[PDB]
Amino acid sequence: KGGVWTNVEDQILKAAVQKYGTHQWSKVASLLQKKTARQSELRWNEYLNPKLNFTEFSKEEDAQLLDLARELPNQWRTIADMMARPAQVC
Amino acid sequence: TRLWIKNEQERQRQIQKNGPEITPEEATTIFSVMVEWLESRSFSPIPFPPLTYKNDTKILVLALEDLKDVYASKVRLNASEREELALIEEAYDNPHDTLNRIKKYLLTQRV
Amino acid sequence: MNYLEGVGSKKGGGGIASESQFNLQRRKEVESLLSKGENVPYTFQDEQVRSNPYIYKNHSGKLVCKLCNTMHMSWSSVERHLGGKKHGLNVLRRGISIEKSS
Amino acid sequence: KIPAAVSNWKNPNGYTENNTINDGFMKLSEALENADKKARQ
Amino acid sequence: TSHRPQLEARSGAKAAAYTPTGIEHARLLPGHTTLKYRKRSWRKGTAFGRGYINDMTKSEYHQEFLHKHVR
Amino acid sequence: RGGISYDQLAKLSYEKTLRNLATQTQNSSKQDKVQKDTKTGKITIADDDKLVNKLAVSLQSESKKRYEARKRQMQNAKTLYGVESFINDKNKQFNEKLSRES
RNA sequence: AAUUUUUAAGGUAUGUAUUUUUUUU
RNA sequence: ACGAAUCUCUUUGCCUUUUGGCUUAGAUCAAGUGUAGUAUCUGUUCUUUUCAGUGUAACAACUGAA
Ligand SMILES: [Mg+2]
Ligand SMILES: [Mg+2]
Ligand SMILES: [Zn+2]
Numbered sequence: 009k010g011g012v013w014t015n016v017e018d019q020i021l022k023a024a025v026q027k028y029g030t031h032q033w034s035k036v037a038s039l040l041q042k043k044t045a046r047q048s049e050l051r052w053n054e055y056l057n058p059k060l061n062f063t064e065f066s067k068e069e070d071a072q073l074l075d076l077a078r079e080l081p082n083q084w085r086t087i088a089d090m091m092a093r094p095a096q097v098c
Numbered sequence: 853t854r855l856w857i858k859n860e861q862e863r864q865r866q867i868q869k870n871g872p873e874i875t876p877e878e879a880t881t882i883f884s885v886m887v888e889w890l891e892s893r894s895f896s897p898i899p900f901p902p903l904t905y906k907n908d909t910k911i912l913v914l915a916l917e918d919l920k921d922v923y924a925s926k927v928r929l930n931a932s933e934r935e936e937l938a939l940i941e942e943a944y945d946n947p948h949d950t951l952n953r954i955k956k957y958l959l960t961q962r963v
Numbered sequence: 001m002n003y004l005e006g007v008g009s010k011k012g013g014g015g016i017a018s019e020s021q022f023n024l025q026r027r028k029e030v031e032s033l034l035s036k037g038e039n040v041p042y043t044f045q046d047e051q052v053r054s055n056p057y058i059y060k061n062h063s064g065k066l067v068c069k070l071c072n073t074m075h076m077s078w079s080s081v082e083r084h085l086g087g088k089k090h091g092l093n094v095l096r097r098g099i100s101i102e103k104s105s
Numbered sequence: 164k165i166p167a168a169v170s171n172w173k174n175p176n177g178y179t193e194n195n196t197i198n199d200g201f202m203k204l205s206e207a208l209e210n211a212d213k214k215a216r217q
Numbered sequence: 003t004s005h006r007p008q009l010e011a012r013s014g015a016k017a018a019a020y021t022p023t024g025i026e027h028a029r030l031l032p033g034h035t036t037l038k039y040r041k125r126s127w128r129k130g131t132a133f134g135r155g156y157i158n159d160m161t162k163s164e165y166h167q168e169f170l171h172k173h174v175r
Numbered sequence: 092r093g094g095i096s097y098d099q100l101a102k103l104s105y106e107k108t109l110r111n112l113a114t115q116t117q118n119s120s121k122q123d142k143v144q145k146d147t148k149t150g151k152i153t154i155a156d157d158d159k160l161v162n163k164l165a166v167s168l169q170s171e172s173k174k175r176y177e178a179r180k181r182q183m184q185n186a187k188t189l190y191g192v193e194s195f196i197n198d199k200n201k202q203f204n205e206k207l208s209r210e211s
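Chains as they are written, first to last, in the authors' numbering: chain c, 9 to 98; chain A, 853 to 963; chain I, 1 to 47, 51 to 105; chain P, 164 to 179, 193 to 217; chain S, 3 to 41, 125 to 135, 155 to 175; chain f, 92 to 123, 142 to 211.
Don't take every hint at face value.
Said to hold, decoys possible - With a cut-off of at most 25 Å between alpha-carbon atoms, the simulated DMTMM-like pairs for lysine to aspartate or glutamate come out as follows:
#	chain 1	residue 1	chain 2	residue 2
1	S	129	A	877
2	P	173	c	54
3	A	920	A	908
4	A	869	c	79
5	c	43	A	908
6	c	43	I	82
7	c	43	A	933
8	S	162	P	193
9	A	926	A	908
Bear in mind the hints are in silico, worked out from the structure with no lab data behind them.
Sequences and hints are given; from them, build the entire structure.
See the structure below:
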């Protein structure tokens, strides 16, 4: 249940996604052993997409966050879409 | 199917823009209805499954058999199927381990 | 009337190929991606400007830095080296070593 | 001057959200948060 | 890349004949040969008691469709 | 600032060649008809073999120069930009067009 | 209170060369 | 100084296949394991005070106090 991604299999995605684009995931797993398409896509969206925001937290965010999490009880995709951040970070 | 999914997305965007249709008044009255009923019936809220619970293994057996009956028939298996059947067979080989895995997910995992 | 199905086959030879054959194909393409398509030349080939110019391939298949005299297993390792602090130094040393003569 | 077409769905041969929420959600959750605290007292 | 389709004149300059080779089709057999010329306790108890858009997909007829056949 | 329509450009080149020609004339100074047949209306014009050979040589020479200068822009063009990843020449060339689009 | 009968095609490729009496220096 | 020719250089400008089409993304499919062992990249720490022992081919390294 590991499915853990080494820095080589992270470096091959970003080169595969650059080549094949984001809707050909079946081809990305051809370049990448150990990993299926649903595993490749899920990482590209949750981690490796450079348009993702992994950064420190301003003082307005923790106010914005604790506002949403209170006003929307557990819904962490809907909050994350409001925050423009990946859910498991938010 | 492409049309249907488009109507779903349109509907949900419009519920973001307009907002919920309940109004807080109706929601309050509904909540009152429930609470009064559950008092009238003196209901005991369902607990969280304890560490040692009498039936854990049995509730597994029922669950895992419900999952396995799908692949009892199937002939040529795709990859996802083999993945699942691997998970079920492991669930029989370590019941305790997979119970701990389950309960842990009942706590921590919100995405 | 089995045309109802919709699968078929071409009439040539025997299809799937052998798992070993897939790895050879997959490990060439992965070394094409990470390499960004460059042709890294063999050491004996008697020099198409190289992206860098130091990396080569010995009479065996391995990759080598000709400055640092290091041997590398894969492109991924090389990019570690080219981004390393030793391959930094040997450029500076050759930097000085040229700046003292012409 | 036209751009160059790059498709997400094909790479043949060579050639390598804004708006916020509503006051609807803000108001509804309070009523459920208030009405619950009242009922839990 | 269809680009330039096919010109008729090259097919119209072929030396077959004025007609085709003389194949007799089944739809060129003479038909319509002539022309035509013009000239109270129960009620109380409860808690809650008492434009055409131009588009195919956002239209009103469409939602009715996916309201039924997608069940 | 700016582009130029194919008219003005044509004029400019006309002037350029006028100047070049006038210089050939001056340096040549430093180093130192119409008949139409009665049978057919075909007109004939007397020609100096010189200046015609000079013309052909001018055209060929200018073509050589243009071809060469463009060729040098070929050479520098590929050797200058090594920043982003590229699989082949054509890729790099296209992405330099993307640099022109900015 | 009475039906109704069968032949082709989409599957085993396709392409090239091959039996020749020695065109005048 | 100037009319002015030719080679060299920068810039502006000009620019190359700047992906052959179409449909239900046209459809679907993918990684063996265990025991022993070596090779090879990168990151982090040290060229820095004396003497006494251990240690080494000699270093190094390790061990004490001013
Ligand atoms: Mg077929
Ligand atoms: Mg057909
Ligand atoms: Zn090096």
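Between residue 926 of chain A and residue 908 of chain A, does the CA-CA distance stay at or below 25 Å? Distance ~29 Å between residue 926 of chain A and residue 908 of chain A Cα, so the pair is violated.
Does the alpha-carbon distance linking residue 129 of chain S and residue 877 of chain A stay inside the 25 Å limit? It holds: about 19 Å lies between the C-alpha atoms, which stays within 25 Å.
Residue 43 of chain c paired with residue 933 of chain A [C-alpha distance capped at 25 Å]: Answer holds: residue 43 of chain c to residue 933 of chain A is near 16 Å, not above 25 Å.
Take a quick look at whether residue 43 of chain c and residue 82 of chain I sit within 25 Å of each other, Cα to Cα. holds (23 Å)
Restraint check for residue 869 of chain A with residue 79 of chain c, where alpha carbons must lie at most 25 Å apart: holds (16 Å)
For a C-alpha distance cap of 25 Å, please report whether residue 920 of chain A and residue 908 of chain A respect it. holds (18 Å)
Holds or violated: residue 173 of chain P with residue 54 of chain c, Cα cutoff 25 Å? With Cα atoms ~23 Å apart, residue 173 of chain P and residue 54 of chain c stay inside 25 Å; holds.
Run the distance test for residue 43 of chain c versus residue 908 of chain A: straight-line Cα separation, threshold 25 Å. Measuring from Cα to Cα gives roughly 33 Å; hence the hint is violated.
Starting from residue 162 of chain S, check that the Cα of residue 193 of chain P is at most 25 Å away, please. holds (21 Å)
In summary, the numbered hints that this structure violates are 5 and 9.
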